[PDB]
Every structure is written in C-alpha cells, then in structure tokens.
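K.L.:
Spelled out from the first residue to the last, the chains are:
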Amino acid sequence: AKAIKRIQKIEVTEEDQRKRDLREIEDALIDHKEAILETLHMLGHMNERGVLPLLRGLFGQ
Amino acid sequence: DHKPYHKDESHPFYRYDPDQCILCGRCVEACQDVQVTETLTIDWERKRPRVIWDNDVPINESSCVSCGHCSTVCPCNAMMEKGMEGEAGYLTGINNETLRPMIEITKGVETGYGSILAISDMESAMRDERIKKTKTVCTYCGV
Ligand code: SF4
Ligand code: SF4
Numbered sequence: 002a003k004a005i006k007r008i009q010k011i012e013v014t015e016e017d018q019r020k021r022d023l024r025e026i027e028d029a030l031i032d033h034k035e036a037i038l039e040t041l042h043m044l045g046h047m048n049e050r051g052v053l054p055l056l057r058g059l060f061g062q
Numbered sequence: 128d129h130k131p132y133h134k135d136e137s138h139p140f141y142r143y144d145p146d147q148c149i150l151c152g153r154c155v156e157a158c159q160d161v162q163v164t165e166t167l168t169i170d171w172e173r174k175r176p177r178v179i180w181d182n183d184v185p186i187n188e189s190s191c192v193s194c195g196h197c198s199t200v201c202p203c204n205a206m207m208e209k210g211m212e213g214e215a216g217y218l219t220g221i222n223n224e225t226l227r228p229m230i231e232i233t234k235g236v237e238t239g240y241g242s243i244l245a246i247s248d249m250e251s252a253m254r255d256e257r258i259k260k261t262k263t264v265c266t267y268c269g270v
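Keeping their order, the protein sequence lines are chains B and A.
Using PDB author numbering, read the first sequence as starting at 2 and increasing by one per residue.
Using PDB author numbering, read the second sequence as starting at 128 and increasing by one per residue.
Quick caveat, the hints were computed from the structure, so don't treat them as lab data.
All residues carry an ideal CB built from backbone N, CA and C; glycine is no exception.
Treat each hint with caution, since some may be false.
[Claimed, not checked] Far from chain B, some chain A residues (derived; all Cβ distances over 12 angstroms):
(1) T219
(2) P228
(3) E237
[Claimed, not checked] The following label-pair restraints were derived from C-beta to C-beta distances:
(4) A:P176 - B:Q62: 35 to 41 angstroms
(5) A:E136 - B:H46: 52 to 58 angstroms
(6) A:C265 - B:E49: 56 to 62 angstroms
(7) B:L38 - A:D146: 45 to 51 angstroms
(8) A:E224 - B:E49: 47 to 53 angstroms
(9) B:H46 - A:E256: 17 to 23 angstroms
(10) A:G213 - B:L41: 23 to 29 angstroms
The task is simple: from the sequences and hints, build the whole structure.
P.N.:
And the structure:
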C-alpha cells in the first residue's frame, strides 16, 4: 500500500471504439423511432405523388 | 375551339383525339398509300372535318389492321398509342378532372407562348431521366 502515481490506459481498440460510436447513433435512432417512421411514410408519399422523381429529373437533367 | 366529336379509345392500342386533330392527313396518306390498308379517310364535307374510320365507324369495329402507322406519322398527340397516356411526363399522371381546370387557369394567366413553352421544354428535358429508348430488331417475322 505504498505511494504510486503511474496510470495505465485501457486498450480501446479501433473496432471497439467504432462499435461504441455506432451504438450512439443506434440509440438516437431508437429514441426518435416515432419520427423516423413518420418521415419515411411522408417520403414514400412524396415518391407516390411524383414529387421525388420530379426532383430527380430536375437534378439529373 | 373544341371539335364536336368524342375520343375513340375503342382500339386497345391507340386513341384518336379529335380536339387535337389538325387535319394534316399524314395518317390518311399513310394508311392508304404506305400501309395500303385504306381504313383512314377525312370527311371534308362535314362542318368540322375529322379523321374517320371506314364510314365513321368506331376503330374496334372498323377494318383496322392495327399496324400503328397512323400514330407513327401523326405530328401531335391526336393519333397516339395508348401506352403513353398519363405515363410520359411528371405532370401527366394528374387526373383529367383536375388537369383540365389546371389548363384553363394557365391559359387565362399566360402572356405569350414563348415563356410557357420554355417551361414545357424544361419538363421535356427532365423526361430524359426516366424514359429510355433502345434500338431493337423485331422477334416476330423475318422482315
Ligand atoms: S395525323 Fe393525327 S393530327 Fe394529323 S390529321 Fe391525322 S389524326 Fe389529325
Ligand atoms: S394501324 Fe389501323 S389506323 Fe393505323 S394505318 Fe394501320 S389500319 Fe390504318
């Protein structure tokens, strides 16, 4: 039980840190699942009413 | 001025819009001298001359060989293959019940053809995105 000050950092690997950062996005996806599905429905309706293809044609040409 | 005749969708492959017919007779010259079937004629004796089939008989009931020359040689949408109706553009999908007032409102407001025609050319240009034209050789007869 002597006096020590050195610290040894844990090995958070490249893929380990990545999987934590991705889980961060995956959590906010769950937190906003309600709005995500709502937006997807709205977007499906925009394609349904030619709004999306109309814009695609506009930029493509 | 609207022509006092009805559109003939009787044929399963092409239609005839009399209100859009310009009596150019390109279809008539094709059916008689090119296809040489002699179904297509124009009754000039009428108040509003129109493209007739046999003795103004509906296309399905008439002696129509269904070659499709009339639609190939027509310069506008008067003789058109039914496979394009409400399918070619982006604004073409709109139901005629709402598209007809859409047109009347446009005519009332527009100034010159030059401006609105330019807008139409933009939809026409956007059409390249969705429509593809590919050359092929027919897999029917040895012609
Ligand atoms: S080719 Fe078409 S637009 Fe021209 S006269 Fe015949 S039906 Fe009318
Ligand atoms: S498809 Fe019918 S209307 Fe056209 S040229 Fe042939 S017979 Fe005449």
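K.L.:
The structure should be examined with respect to each hint, and the outcome stated for every one.
P.N.:
Tested hints:
| no. | hint | verdict |
| --- | --- | --- |
| 1 | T219 | 9 angstroms, violated |
| 2 | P228 | 18 angstroms, holds |
| 3 | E237 | 21 angstroms, holds |
| 4 | A:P176 - B:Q62: 35 to 41 angstroms | 40 angstroms, holds |
| 5 | A:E136 - B:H46: 52 to 58 angstroms | 30 angstroms, violated |
| 6 | A:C265 - B:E49: 56 to 62 angstroms | 36 angstroms, violated |
| 7 | B:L38 - A:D146: 45 to 51 angstroms | 46 angstroms, holds |
| 8 | A:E224 - B:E49: 47 to 53 angstroms | 19 angstroms, violated |
| 9 | B:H46 - A:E256: 17 to 23 angstroms | 20 angstroms, holds |
| 10 | A:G213 - B:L41: 23 to 29 angstroms | 27 angstroms, holds |
When each numbered hint is compared with the structure, violations occur for hints 1, 5, 6, 8.
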